[PDB]
Amino acid sequence: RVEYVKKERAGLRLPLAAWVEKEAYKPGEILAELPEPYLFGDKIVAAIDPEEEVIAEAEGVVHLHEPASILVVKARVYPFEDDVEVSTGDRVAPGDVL
Amino acid sequence: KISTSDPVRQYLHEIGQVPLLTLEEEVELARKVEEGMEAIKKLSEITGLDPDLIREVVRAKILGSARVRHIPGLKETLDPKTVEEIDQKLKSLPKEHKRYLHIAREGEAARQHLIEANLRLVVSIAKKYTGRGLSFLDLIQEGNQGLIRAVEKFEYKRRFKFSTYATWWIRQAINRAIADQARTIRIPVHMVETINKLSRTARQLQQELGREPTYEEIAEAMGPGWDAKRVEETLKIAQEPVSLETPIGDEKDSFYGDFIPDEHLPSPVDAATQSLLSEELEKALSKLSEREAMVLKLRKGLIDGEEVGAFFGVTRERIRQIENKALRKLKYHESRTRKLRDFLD
Numbered sequence: 212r213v214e215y216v217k218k219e220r221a222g223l224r225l226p227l228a229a230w231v232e233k234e235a236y237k238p239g240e241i242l243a244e245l246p247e248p249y250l251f364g365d366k367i368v369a370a371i372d373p374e375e376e377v378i379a380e381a382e383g384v385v386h387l388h389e390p391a392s393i394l395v396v397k398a399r400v401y402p403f404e405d406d407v408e409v410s411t412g413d414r415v416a417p418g419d420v421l
Numbered sequence: 074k075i076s077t078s079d080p081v082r083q084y085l086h087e088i089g090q091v092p093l094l095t096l097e098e099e100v101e102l103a104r105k106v107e108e109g110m111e112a113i114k115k116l117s118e119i120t121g122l123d124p125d126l127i128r129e130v131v132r133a134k135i136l137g138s139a140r141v142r143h144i145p146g147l148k149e150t151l152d153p154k155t156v157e158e159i160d161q162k163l164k165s166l167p168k169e170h171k172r173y174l175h176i177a178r179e180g181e182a183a184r185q186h187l188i189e190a191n192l193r194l195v196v197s198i199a200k201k202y203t204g205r206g207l208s209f210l211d212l213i214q215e216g217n218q219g220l221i222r223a224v225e226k227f228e229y230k231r232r233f234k235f236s237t238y239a240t241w242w243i244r245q246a247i248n249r250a251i252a253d254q255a256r257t258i259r260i261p262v263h264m265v266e267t268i269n270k271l272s273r274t275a276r277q278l279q280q281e282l283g284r285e286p287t288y289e290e291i292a293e294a295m296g297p298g299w300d301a302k303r304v305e306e307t308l309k310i311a312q313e314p315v316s317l318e319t320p321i322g323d324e325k326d327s328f329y330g331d332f333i334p335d336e337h338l339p340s341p342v343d344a345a346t347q348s349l350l351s352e353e354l355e356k357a358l359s360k361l362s363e364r365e366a367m368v369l370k371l372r373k374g375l376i377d378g384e385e386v387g388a389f390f391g392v393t394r395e396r397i398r399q400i401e402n403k404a405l406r407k408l409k410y411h412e413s414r415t416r417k418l419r420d421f422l423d
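For the protein sequence lines, the chains are D and F, in the order given.
If you use the entry's author numbering, the first sequence corresponds to residues 212 to 251, 364 to 421, in order.
If you use the entry's author numbering, the second sequence corresponds to residues 74 to 378, 384 to 423, in order.
Read the hints as simulated data drawn from the structure, not as lab findings.
The beta carbon of each residue, even a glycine, is placed where N, CA and C say it ideally should be.
Be aware that one or more of the hints could be misleading.
Stated by the list, open to error - Computed list of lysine-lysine pairs in DSSO-like fashion (alpha-carbon distance at most 27 Å, straight line):
#1 F:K168 <-> D:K397
#2 F:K201 <-> F:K270
#3 F:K171 <-> D:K237
#4 F:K74 <-> F:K200
#5 F:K114 <-> F:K201
#6 F:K168 <-> F:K200
#7 D:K397 <-> F:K115
#8 F:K270 <-> F:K200
#9 F:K114 <-> F:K148
#10 D:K237 <-> F:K407
#11 D:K218 <-> F:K370
#12 F:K270 <-> F:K309
#13 F:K134 <-> D:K397
#14 F:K115 <-> F:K162
#15 F:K162 <-> F:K148
#16 D:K237 <-> D:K366
#17 F:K168 <-> D:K217
#18 F:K226 <-> F:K115
#19 F:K114 <-> F:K162
#20 F:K373 <-> F:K409
#21 F:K168 <-> D:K233
#22 F:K134 <-> F:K162
#23 D:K217 <-> F:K234
#24 F:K134 <-> F:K168
#25 F:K230 <-> D:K237
#26 F:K360 <-> F:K417
#27 F:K407 <-> F:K360
#28 D:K397 <-> F:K74
#29 D:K218 <-> F:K115
#30 D:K218 <-> D:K366
#31 F:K302 <-> D:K233
#32 F:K370 <-> F:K309
#33 F:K230 <-> F:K200
#34 F:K168 <-> D:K237
#35 F:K162 <-> F:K201
#36 F:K409 <-> F:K356
#37 F:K226 <-> F:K171
To be verified - Label-pair ranges, simulated between beta-carbon atoms:
#38 D:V420 <-> F:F233: 40 to 46 Å
#39 F:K74 <-> D:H388: 14 to 20 Å
#40 F:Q245 <-> D:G239: 42 to 48 Å
Taking the hints into account, I'd like the entire structure generated from these sequences.
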């Protein structure tokens, strides 16, 4: 599990910057965000944002360091339902009994 | 072994392993704590459960099992069944409200985390309010309580960081503690500052006279309503008590409390008094008319110290009548057979 990211290139990261560049959270424009080769999940511009902020007006910010904290734990993405014992873990996406 | 070092090492070690970054970590945790609040409230909104209950159930699941609920708070929340029911409804909260549940817990977590990290802050502060009359550990502890207090009110929206905020909320907690627990006989915070002012003033007055100020100077230098009676009083309250058990006389084997006599206890002389007094008082009380003798015997000797309100139905004129005529016949025959004359007191 990594944490914050600056502005070398933004790709595959969480919902944080989504609202920043309104193209993807306002409308479906994250695909066109890839600039010029699209004519010839997250993928942002070539490298336009450099802060851990909220972009109404660049006000709620925090320019700093990016952690890489390795958690030694097992990560399950799509657990399924087996009712022998009480439903353990999770369902695909809807139900979360955990 | 010895207690200061162990705790110092204890939290200094954990800060050493986790100090909070200036901005990021404190911001992070802060944001999470607040969201917790907004979460818990929205939870109360949708559950109809008091935010106090929603707060205690997320606490149990993140801070401790049935063990922490049963011993600390005696027993109103069923150790298992109760808290669990509460967690079930939280689960039932669809995608929308379930979100707040998950946030609340993570928030609560952050909370404790921000609290751990800024413990060096307390100790650094608490370090200076040392020789006030409280143990360093006691001092750090109250200050700790103070930092927890801060956590509840910090608004991260207002850019200033927790450092400067904790300082105040801690310094307040400490000073209070110093004023409330430091002495054997409680003294309100006002009397405290008063005594500090009194002390400080005596200092500036020691400065030039070469004469430990008579309580004249102190009154003057202090201000508006200060007089000799006031300062002599304050410094009389300022002297802490003494030890009923202190090494006395030549320090060999002398314990201070054998010297103090006793007052309520009837020294033999008194027990003998009450015996004759009551037997003789009881002999007279019977040979009389009960009407106004018992009235005044009971009104005076049975409940509390009202001529009119002393006699039942018969008005004042029969009261004074028999009171003063029986009281004198009683006194004058007691003058004959002198038994009472020798003032039992």
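We went through each hint and held it up to the structure:
no.	hint	in the structure
1	F:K168 <-> D:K397	24 Å, holds
2	F:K201 <-> F:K270	19 Å, holds
3	F:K171 <-> D:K237	24 Å, holds
4	F:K74 <-> F:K200	21 Å, holds
5	F:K114 <-> F:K201	39 Å, violated
6	F:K168 <-> F:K200	49 Å, violated
7	D:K397 <-> F:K115	32 Å, violated
8	F:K270 <-> F:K200	23 Å, holds
9	F:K114 <-> F:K148	25 Å, holds
10	D:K237 <-> F:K407	111 Å, violated
11	D:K218 <-> F:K370	99 Å, violated
12	F:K270 <-> F:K309	15 Å, holds
13	F:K134 <-> D:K397	21 Å, holds
14	F:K115 <-> F:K162	14 Å, holds
15	F:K162 <-> F:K148	22 Å, holds
16	D:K237 <-> D:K366	15 Å, holds
17	F:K168 <-> D:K217	31 Å, violated
18	F:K226 <-> F:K115	19 Å, holds
19	F:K114 <-> F:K162	15 Å, holds
20	F:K373 <-> F:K409	17 Å, holds
21	F:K168 <-> D:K233	24 Å, holds
22	F:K134 <-> F:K162	14 Å, holds
23	D:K217 <-> F:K234	23 Å, holds
24	F:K134 <-> F:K168	20 Å, holds
25	F:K230 <-> D:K237	25 Å, holds
26	F:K360 <-> F:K417	15 Å, holds
27	F:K407 <-> F:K360	11 Å, holds
28	D:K397 <-> F:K74	41 Å, violated
29	D:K218 <-> F:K115	36 Å, violated
30	D:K218 <-> D:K366	13 Å, holds
31	F:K302 <-> D:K233	76 Å, violated
32	F:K370 <-> F:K309	43 Å, violated
33	F:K230 <-> F:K200	31 Å, violated
34	F:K168 <-> D:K237	21 Å, holds
35	F:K162 <-> F:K201	49 Å, violated
36	F:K409 <-> F:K356	13 Å, holds
37	F:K226 <-> F:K171	26 Å, holds
38	D:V420 <-> F:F233: 40 to 46 Å	42 Å, holds
39	F:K74 <-> D:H388: 14 to 20 Å	39 Å, violated
40	F:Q245 <-> D:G239: 42 to 48 Å	53 Å, violated
When held up to the earlier numbered hints, the structure conflicts with 5, 6, 7, 10, 11, 17, 28, 29, 31, 32, 33, 35, 39 and 40 and fits the remainder.
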